[PDB]
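The chain below stands alone and is given as structure tokens, in the form deposited without the named molecule.
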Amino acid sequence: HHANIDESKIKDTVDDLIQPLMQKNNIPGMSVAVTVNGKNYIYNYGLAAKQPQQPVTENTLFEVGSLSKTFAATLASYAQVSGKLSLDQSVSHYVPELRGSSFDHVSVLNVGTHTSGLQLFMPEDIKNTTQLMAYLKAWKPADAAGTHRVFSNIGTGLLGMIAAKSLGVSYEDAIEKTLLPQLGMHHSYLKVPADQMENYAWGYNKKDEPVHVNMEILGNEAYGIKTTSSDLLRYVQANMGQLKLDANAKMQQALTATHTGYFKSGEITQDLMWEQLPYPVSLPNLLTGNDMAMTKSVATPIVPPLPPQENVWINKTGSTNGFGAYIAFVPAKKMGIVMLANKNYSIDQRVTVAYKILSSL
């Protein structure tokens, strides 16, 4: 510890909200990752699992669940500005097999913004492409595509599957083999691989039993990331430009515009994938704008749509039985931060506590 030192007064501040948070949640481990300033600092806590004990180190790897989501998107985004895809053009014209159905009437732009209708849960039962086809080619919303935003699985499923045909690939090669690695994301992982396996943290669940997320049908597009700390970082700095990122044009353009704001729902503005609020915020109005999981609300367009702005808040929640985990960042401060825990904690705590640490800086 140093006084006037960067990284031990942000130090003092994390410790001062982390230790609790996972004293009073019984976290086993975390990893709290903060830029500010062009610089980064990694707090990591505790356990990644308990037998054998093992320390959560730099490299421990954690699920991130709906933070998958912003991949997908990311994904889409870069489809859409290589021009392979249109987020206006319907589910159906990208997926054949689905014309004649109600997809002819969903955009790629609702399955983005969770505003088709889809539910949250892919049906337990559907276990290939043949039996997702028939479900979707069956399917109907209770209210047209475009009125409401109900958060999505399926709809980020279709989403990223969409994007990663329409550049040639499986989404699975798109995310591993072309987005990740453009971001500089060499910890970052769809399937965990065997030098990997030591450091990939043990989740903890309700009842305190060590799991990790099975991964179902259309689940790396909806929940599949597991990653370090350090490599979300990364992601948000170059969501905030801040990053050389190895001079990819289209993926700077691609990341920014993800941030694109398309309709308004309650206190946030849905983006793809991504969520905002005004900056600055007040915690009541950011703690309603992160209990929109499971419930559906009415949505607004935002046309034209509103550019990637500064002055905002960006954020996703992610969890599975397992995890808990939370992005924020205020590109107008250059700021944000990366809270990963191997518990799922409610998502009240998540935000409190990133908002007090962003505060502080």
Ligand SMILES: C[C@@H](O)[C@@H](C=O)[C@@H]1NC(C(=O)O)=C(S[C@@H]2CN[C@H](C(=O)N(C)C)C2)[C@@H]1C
Given for the second form:
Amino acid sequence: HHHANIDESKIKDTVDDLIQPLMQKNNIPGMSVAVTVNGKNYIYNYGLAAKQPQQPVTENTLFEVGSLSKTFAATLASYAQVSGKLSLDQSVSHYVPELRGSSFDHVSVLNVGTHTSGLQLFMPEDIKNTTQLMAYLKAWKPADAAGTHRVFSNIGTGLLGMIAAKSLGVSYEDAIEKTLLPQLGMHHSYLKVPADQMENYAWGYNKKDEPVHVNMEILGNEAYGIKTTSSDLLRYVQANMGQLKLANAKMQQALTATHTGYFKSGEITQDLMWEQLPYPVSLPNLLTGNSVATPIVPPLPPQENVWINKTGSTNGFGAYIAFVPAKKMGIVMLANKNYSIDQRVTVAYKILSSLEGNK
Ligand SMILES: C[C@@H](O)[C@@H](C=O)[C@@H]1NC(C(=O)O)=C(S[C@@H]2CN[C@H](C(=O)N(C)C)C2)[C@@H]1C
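Given the form deposited without the named molecule, state the structure of the form solved in complex with the named molecule.
Every chain and every other molecule in the complex is listed next, the one we just looked at coming first.
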């Protein structure tokens, strides 16, 4: 029931007023929106996780988050780094000996963690096993030197997560599901959804409105494997702002260190997978932010006065996270349809702007 002067009702009015038109105009079947502010958490669910048979979005609904998954690979690499198992400045071939003598002699772990290796976006479809993957990587050359350009890459994120996990002595799937997500308290987050949670796994709806789930291929866990709830992602946002007891002291340091600013591209600062802009942000630069890479050396330390964000999509889903550490506020928006990023950022901006007076 609605209550004037009560936090959850005031926030719900703002969120409803933006999310309901957004879902109608984009034919989005279902969404969950989670907001944190002043140490308190608010979860709002809309519409349907599945159309036939109809299933509503609930607090337990799992959505694919696509490239939001890359921030977990970055957090894992950061955890390995602060634990003394990984140096980001070292070469990929230092950690992957089969690539010694290849172009990866000249690509750093930082490069694959910042989209500056030059590797292309998509893994070639005919690469099915590790032998084929290694043959490909051993024979690969970019047109420009590593460290000169930003090119978003699923392959690079794959290497980042693989190297991080190996430096901890485990597979990536083990590192994520047995170490990272449990230490973060994210008990409803998965690379592979278990049988008791399949009833909660929303269907995605593609551009043709067909129900789809993402097909996991080689190194896909690192780049697009996470299925999760808005509540678990809100915990992840809070952890990224140091708000939770948590994990480890090492885990808090790992999360914070992913916000280190390593390269500038246009107006955007590239962190370890996360991207950030100075806060306050005007909506135009947010939209303009969605290339030559200039190093930030020494790296920009993790900041409070920034808007940190990441989009992610699969064929059937569209996700977004943004948070402002200086304001201890953040938002997670999950949808089971891939709708345009300009709308994700605009709605998030309007919601977060609503959470305090102008001054
Ligand atoms: C699953 C993946 O195939 C896709 C993402 O969900 C692609 N990978 C990336 C990526 O994020 O690295 C974007 S590009 C986009 C370019 N800037 C975005 C971002 O982080 N924003 C807008 C905050 C990300 C592909 C669709």
